Amino acid sequence: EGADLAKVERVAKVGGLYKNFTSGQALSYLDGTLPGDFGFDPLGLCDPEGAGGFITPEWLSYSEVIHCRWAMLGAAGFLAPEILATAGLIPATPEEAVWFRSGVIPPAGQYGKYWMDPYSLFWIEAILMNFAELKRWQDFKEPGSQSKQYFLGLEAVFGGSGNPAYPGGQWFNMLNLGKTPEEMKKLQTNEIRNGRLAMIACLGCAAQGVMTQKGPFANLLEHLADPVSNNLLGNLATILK
Amino acid sequence: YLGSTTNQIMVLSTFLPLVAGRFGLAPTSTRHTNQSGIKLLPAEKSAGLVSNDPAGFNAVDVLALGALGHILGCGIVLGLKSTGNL
Amino acid sequence: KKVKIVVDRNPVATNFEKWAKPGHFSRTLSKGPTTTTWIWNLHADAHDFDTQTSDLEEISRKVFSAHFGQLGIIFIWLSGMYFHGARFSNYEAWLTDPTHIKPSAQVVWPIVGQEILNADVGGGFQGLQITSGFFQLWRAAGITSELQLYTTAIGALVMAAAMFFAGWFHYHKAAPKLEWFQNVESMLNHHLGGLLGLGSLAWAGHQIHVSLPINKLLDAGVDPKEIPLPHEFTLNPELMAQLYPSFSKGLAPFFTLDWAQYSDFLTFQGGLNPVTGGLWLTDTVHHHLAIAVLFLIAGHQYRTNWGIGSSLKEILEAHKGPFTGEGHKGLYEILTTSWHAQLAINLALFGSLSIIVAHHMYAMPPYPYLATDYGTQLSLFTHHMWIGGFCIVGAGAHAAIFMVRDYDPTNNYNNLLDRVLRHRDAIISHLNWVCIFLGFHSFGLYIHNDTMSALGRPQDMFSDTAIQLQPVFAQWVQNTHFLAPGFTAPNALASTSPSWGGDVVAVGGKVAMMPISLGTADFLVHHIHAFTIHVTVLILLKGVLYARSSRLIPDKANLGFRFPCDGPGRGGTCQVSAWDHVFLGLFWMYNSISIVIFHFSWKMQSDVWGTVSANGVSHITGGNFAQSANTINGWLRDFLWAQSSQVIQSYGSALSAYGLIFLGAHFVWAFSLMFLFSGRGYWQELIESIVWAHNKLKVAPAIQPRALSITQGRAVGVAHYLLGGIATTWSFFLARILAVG
Amino acid sequence: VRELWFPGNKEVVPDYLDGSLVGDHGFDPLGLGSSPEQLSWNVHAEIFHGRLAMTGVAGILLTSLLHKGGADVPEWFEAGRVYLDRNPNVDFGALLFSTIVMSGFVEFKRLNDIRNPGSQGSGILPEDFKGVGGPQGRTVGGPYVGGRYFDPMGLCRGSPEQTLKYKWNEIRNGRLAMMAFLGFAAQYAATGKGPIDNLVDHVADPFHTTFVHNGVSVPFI
Amino acid sequence: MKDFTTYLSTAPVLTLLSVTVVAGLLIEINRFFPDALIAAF
Ligand code: CLA
Ligand code: CLA
Ligand code: CLA
Ligand code: CLA
Ligand code: CLA
Ligand code: CLA
Ligand SMILES: CCCCCCCCCCCCCCCC(=O)OC[C@H](COP(=O)(O)OC[C@@H](O)CO)OC(=O)CCCCCCCCCCCCCCC
Ligand SMILES: CC1=C[C@H](O)CC(C)(C)[C@H]1/C=C/C(C)=C/C=C/C(C)=C/C=C/C=C(C)/C=C/C=C(C)/C=C/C1=C(C)C[C@H](O)CC1(C)C
Ligand SMILES: CC1=C(/C=C/C(C)=C/C=C/C(C)=C/C=C/C=C(C)/C=C/C=C(C)/C=C/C2=C(C)CCCC2(C)C)C(C)(C)CCC1
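Keeping their order, the protein sequence lines are chains 3, K, A, 7 and J. Mapping of the first sequence onto the entry's author numbering: residues 247 to 487, in sequence order. Mapping of the second sequence onto the entry's author numbering: residues 32 to 117, in sequence order. Mapping of the third sequence onto the entry's author numbering: residues 11 to 751, in sequence order. Mapping of the fourth sequence onto the entry's author numbering: residues 6 to 226, in sequence order. Mapping of the fifth sequence onto the entry's author numbering: residues 20 to 60, in sequence order.
Pulled out of the complex, with its shape left as it was, chain 3 reads as follows:
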């Protein structure tokens, strides 16, 4: 097989440690379209032939985009309350302002000063997310709907575009950025790279929280204090204590 020669320098042009991790199977369909396309698919999950259900290139790309957006929100929400409590701007103890002690896992920690208990908040969150994600799902299934039925006048901004990951109407692109297609592609690459970094960061924050029982900002400060002693191998003895 030996790849296709001319399909490989496209991955070599984006530099970095790519091409070392791409394959001939991946480059059959990963031909430079879609943002973030660096040829990395060793398992062939986005092979268009025989693709159905959720193992499908447009569904997988959509899942990547909204996963990376949710992880950007999650990483910023992990690193904001602790960096505000460390500075003393908020009246929260930094051991309490840790993200997993905020009531998401009551065994891991509780915050009883919310205006409701977490189950009521989850009930209304379930209703609201059910609204939002089901309208998003039906717009994915029918990429022209959600603007034909009345929604207190909010349906005008739910037309979307051809790509389900990029509606960009009057609300989803209110400031109108990326006027010209190459700028839009560049900012899409910005978004996907930032979001995949944030996915790695969210996984790392979970692993550090299990590993050190402290916040990610606290772990960063302890690592910067003494990197030789405070690392993964140096914290391997005291992990859940």
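What you were told as hints is all true, and nothing was included just to trick you.
Here are some of the chain 7 residues that sit facing chain J, going by a computed Cβ distance under 7 Å:
#1 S39
#2 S40
#3 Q43
SDA-like mimics (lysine to any residue), calculated; alpha carbons at most 20 Å apart, straight line:
#4 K460 (chain 3) - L245 (chain A)
#5 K21 (chain J) - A30 (chain A)
#6 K187 (chain A) - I69 (chain A)
#7 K431 (chain 3) - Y412 (chain 3)
#8 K21 (chain J) - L35 (chain 7)
#9 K112 (chain K) - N501 (chain A)
#10 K14 (chain A) - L289 (chain 3)
#11 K187 (chain A) - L289 (chain 3)
#12 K187 (chain A) - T302 (chain 3)
#13 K323 (chain A) - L341 (chain A)
Read the hints as simulated data drawn from the structure, not as lab findings. Ideal Cβ placement from N, Cα and C applies to all residues, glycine included.
Assemble chains K, A, 7 and J with the ligands onto chain 3, guided by the hints.
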């Protein structure tokens, strides 16, 4: 722990098959053995694996050789510990 | 080439229109039920997907979705068991006093005087005494709570819904293509590592973080209410360090390969825990971790999407020797394109696995307080024995089916299948001679013993006190196992099982496991087992080998796998099909497993199970096996008549249901004799007379009533025979072992 | 066409739930009224359920308001035993059989209207009990009965758009009252108090009085 | 639901439901009227 005898055994037992893999001394994702299992076939590229390594030493080869090296080094270290050496 | 996921989007529509019309799957069932034979054939060919479609892709998709449905049924069953353990069981009471409280997980509604079946099991609870061993398994897992059993039942219901959704999804929305099913390299790479290896590793993790601390506290002696919950044992290493001090240093000695410091909870002693009579749970942890590592290593043998790994076809085709010609040429193609051959192989090894499970679980109990409850022990052994024998017979059946249908002589020239088919007469004749020799030198020894006892010549019969027949090889193997620790097992502090030798393990006044001595009667019964196994092998192998053709009938493959006969000619060709060979092998497997479980129950009621009195062991029957199991009158009297007094005097008690089933199964077994001995023509003519009676009163059904077909009659007879015999033995065993012990 | 129960999404059931029936928004995911005869039967059942639940919910609300006002009026979940205690001369089987018989008379009238839409407007009953039809295109019988007896104010005789508006009012209020009675039963099961009691308890204390605080819905908090 | 009701009208579903309702009726008869050896009026 760094620089200990078991650390030296682990780094050697992980690094030596990695070196033997690239230079054709060990089986590779592109270089296999035939029915006999002694002689090594010439490098063949139907897997479609590419790398910036000039000899074609793929990341899959790195993972496989490091896996086997870790298995062998763990066996060696645990054998030397049980005998009373190390 | 290139292992990948390939599916078809929406192949089969989801609606109820084919539910209205039965028999839609096969063309031969069309145009309505003209006779009741149509009704019987509709159920007969429901799962015969080869007769439904000729496409291997559709057959594979149907098999996949049927597997999902079966998994959903098993999950519903598990949810029901956990729900009954939660709601209608004395599990918490049994946890406080496992030695005296009889396990129970099913209660009955007082309707017709059936509330007498609610036994006085103990713990202030009334219900049927269960023999399935769920209580011991849950105690081993470290439950010790009612709410957790209910949570597991709900989770199993959710998993059943997931299984059914997966089956519907993979038949109706995304059905995999044929080449997806043929990725046997990837399937083995994922079943070795991701299924078995990861499952063993995950169970080792659970046992480390849940089973070890809770069961350690239970063995030290603590009421389960004040035991810390599993999560807080898992949450911090502090309590774990109090119970197992190696957790104070955490994962540091693991990654530095100083694994010897984990020896407090990763142990290797052998024997049994004297508090419970089960295996050491640290030993089970070490076992599961070791086999998980081994299986994850085994999961990288085969080549998938990368150049490393060996292909199954290449390994097969290169194993050719001078005695066998081409060797394994064609085995890869007849196993990646025929489902029946894979079913035969998997059923054979699955039944052998079930039998091995039965053996290894009586020999050395893995769950706490499983040895002391003799009822669940005997029931578990017997159940796994019967499942193994059934699966083995099914393996023979599906090997015969593959030989009839999916065997192509073009791609099977001069290979092992061809070599075996070309000298089938030698194999069958030699197995016949072995069966006759074993039958003589096993049964005739018993008959000689009967004759000498009845002639008043006890010095002339084969026995330990007269003409000895000692199992010297088996006794020496026991000695080798008993002497293994400290010699050939230097790191073992005790032997694997007390059956090899040593001291009697007693828990709560009852013997957990004690050494088993082999004498003349054990020699005779082992040779009887060999004879029965050999005859069952003879019938199944003869059916498989002569399914294709024969000297008598050269075109048996044309007539199919399941046909009654080829007429009264050639002297008579009744039961020449491989199906009838399975039909006879079912009876022979029944005979074999029945003798095996009889030997098991008598041997351990006479030499293993019993009570301790600080001066000896008082067995259930009192050592009568060694002097009565060499005589058929001894089996009839000292085992089959002496132990039957518990089931026939069980009326008016909680074992009255066992007493009733003991007679109902006799009725079913003798009801089988109608179908087994009679023939279709008589019943057809009698049905003609009854049809005349119906015509006289205008009550004739439009669907013509026909006598059961010859294969139908044989199947009904063998089903009733095996059901009646197995249920008779089940009622006898359970009543006897729950009334005395 | 019309506003659906799930905006967008054109797999709405084939043209038996077209935009003709009152209250039609294409909501039949289980296909429980796929066949036309079952569809007509279920339209009758839905209209009857809506009217009955509306009457029941109005009665429950009024008796719960009167109970909070200090009147000698029991709550809805205990009115039967209160009536039997206040009136010991009434046999329970007596009242139950009388209810069965009287309800059965009018229910067999409605049933024979369902079987034959035009058969109940003659005989002993006058022509006003013929019915006016509506569902499935027919102009006789059905759940909608005109006349000067079941429409004595005549609010759906004249101005067809007024009739359509009032029918939409009736079907929406009936579905809302069915869900209201479901909520009444669930709140009684989870709290043990009346509907108005629950409403004023939640209005007095918005927080710590939701469904998670009763210990029955969430079974551990 | 025509095909679903036709499936419910099929012989095995109807005979299982019929023996279920008959057995349940007999069981509740014995629940409310137990130990009825004879038809004593
Ligand atoms: C156990 C048998 C089984 C098998 C062999 C398959 C096989 C397959 N499924 Mg499938 N599935 C199953 C069960 C199974 N499924 C069940 C029980 C459900 C219901 C939940 C589903 C629901 C399902 C959907 C909705 C889809 C598939 C699809 C597919 C196909 C591609 C999936 C893939 O490989 O990509 C990768 C698979 C994943 C990324 C999932 C991994 C993570 C999930 C959540 C499982 C994790 C459970 C894990 C074992 C638990 C470990 C412990 C953990 C809590 C830490 C593939 C042929 C896709 C298809 O349509 O075909 C193309 C598809 O969209 N399946
Ligand atoms: C740094 C991450 C990042 C980047 C580079 C992008 C980039 C893009 N997004 Mg995206 N998005 C992100 C994060 C990001 N997004 C996150 C975390 C979410 C989840 C909430 C979303 C959800 C989202 C949706 C739903 C949509 C987009 C769309 C777009 C495209 C429209 C052009 C644009 O306005 O750019 C964005 C410009 C920037 C990110 C730079 C500004 C950064 C400042 C500091 C943050 C502004 C926040 C501000 C203070 C709050 C008030 C806003 C305003 C009232 C002042 C563009 C390529 C639309 C689209 O696809 O068009 C077709 C669209 O439909 N995004
Ligand atoms: C690590 C990956 C993995 C795992 C864990 C499994 C696990 C399983 N497979 Mg599967 N399979 C895999 C990969 C995997 N497979 C691949 C890559 C292929 C393509 C070559 C297949 C093709 C295949 C076929 C054709 C069949 C199976 C079957 C089975 C089941 C065996 C029967 C049983 O009762 O076991 C024990 C039961 C359990 C352990 C219960 C746990 C069940 C959970 C849901 C397992 C989830 C694993 C799943 C792969 C996760 C992805 C699905 C996700 C979208 C939800 C079992 C659960 C057989 C079956 O029964 O069909 C369902 C069967 O017919 N597999
Ligand atoms: C993994 C297990 C497995 C699987 C998947 C199959 C699959 C298959 N078998 Mg098979 N078989 C198996 C194990 C298995 N078998 C075992 C263990 C045996 C030994 C008993 C057999 C013996 C066997 C024979 C002799 C035959 C098959 C046949 C078949 C094929 C058609 C089955 C059918 O639709 O007939 C209909 C299935 C039924 C009518 C189900 C009812 C069967 C009995 C009556 C159920 C037993 C009663 C049960 C215990 C409940 C008792 C309580 C009661 C009082 C209520 C099919 C592909 C047939 C074939 O032609 O192959 C192509 C064939 O004749 N099998
Ligand atoms: C215990 C063994 C047994 C039993 C019960 C029977 C029973 C019967 N034989 Mg038979 N027979 C037997 C052995 C047996 N035979 C043997 C070994 C032979 C030699 C081959 C014969 C040869 C023979 C011949 C030649 C004839 C009979 C006939 C009959 C029927 C006679 C009518 C009658 O008496 O009604 C009694 C009914 C019963 C005993 C059946 C039991 C009642 C059932 C259990 C009730 C159903 C409840 C429940 C739904 C069961 C299903 C459970 C399931 C759904 C889970 C009858 C059904 C004659 C016949 O056909 O009559 C017209 C006939 O001509 N028999
Ligand atoms: C028992 C009362 C009842 C009945 C008979 C109907 C009947 C009907 N409805 Mg309606 N509906 C109801 C209540 C009812 N509805 C309520 C309370 C609401 C508000 C949530 C709605 C909202 C609604 C909408 C938006 C629409 C309909 C529509 C329809 C029509 C087509 C649907 C169909 O054929 O399925 C038949 C329905 C049933 C057979 C009753 C379902 C009962 C199930 C089997 C029980 C489970 C549901 C229950 C809530 C679960 C909890 C029970 C228990 C645990 C407490 C049909 C004539 C569609 C239409 O075209 O209007 C004409 C449509 O657009 N309904
Ligand atoms: C978690 C278990 C395994 C996960 C496998 C499944 C995940 C698949 C992800 C694979 C990578 C995908 C492609 C990567 C391809 C890739 O890497 O992209 C290249 C990456 C950035 O590339 P860009 O996207 O910026 O490319 C644009 C530029 O190249 C322009 O020329 O550069 C890096 O190498 C960053 C990574 C350095 C990481 C520094 C961490 C150092 C810690 C070392 C720890 C090991 C030793 C520890 C000893 C104590
Ligand atoms: C590429 C590829 C291809 C080939 O072929 C194959 C393979 C290898 C498979 C691959 C790879 C893959 C991967 C790497 C994956 C991963 C992912 C991730 C990590 C995600 C995350 C992701 C993540 C995410 C979303 C996250 C999110 C988060 C969140 C929301 C959070 C939230 C929160 C906050 C704020 C805080 C508070 O206090 C709490 C809470 C509430 C909790
Ligand atoms: C010279 C050169 C270089 C270098 C490179 C390198 C050096 C690389 C590497 C790397 C490495 C150094 C790697 C490693 C590896 C390994 C692995 C990745 C593995 C694995 C795994 C496994 C398989 C394990 C297993 C286990 C467990 C799990 C636990 C217990 C024990 C055992 C063993 C069993 C550069 C480019 C810079 C520059 C130029 C040239």
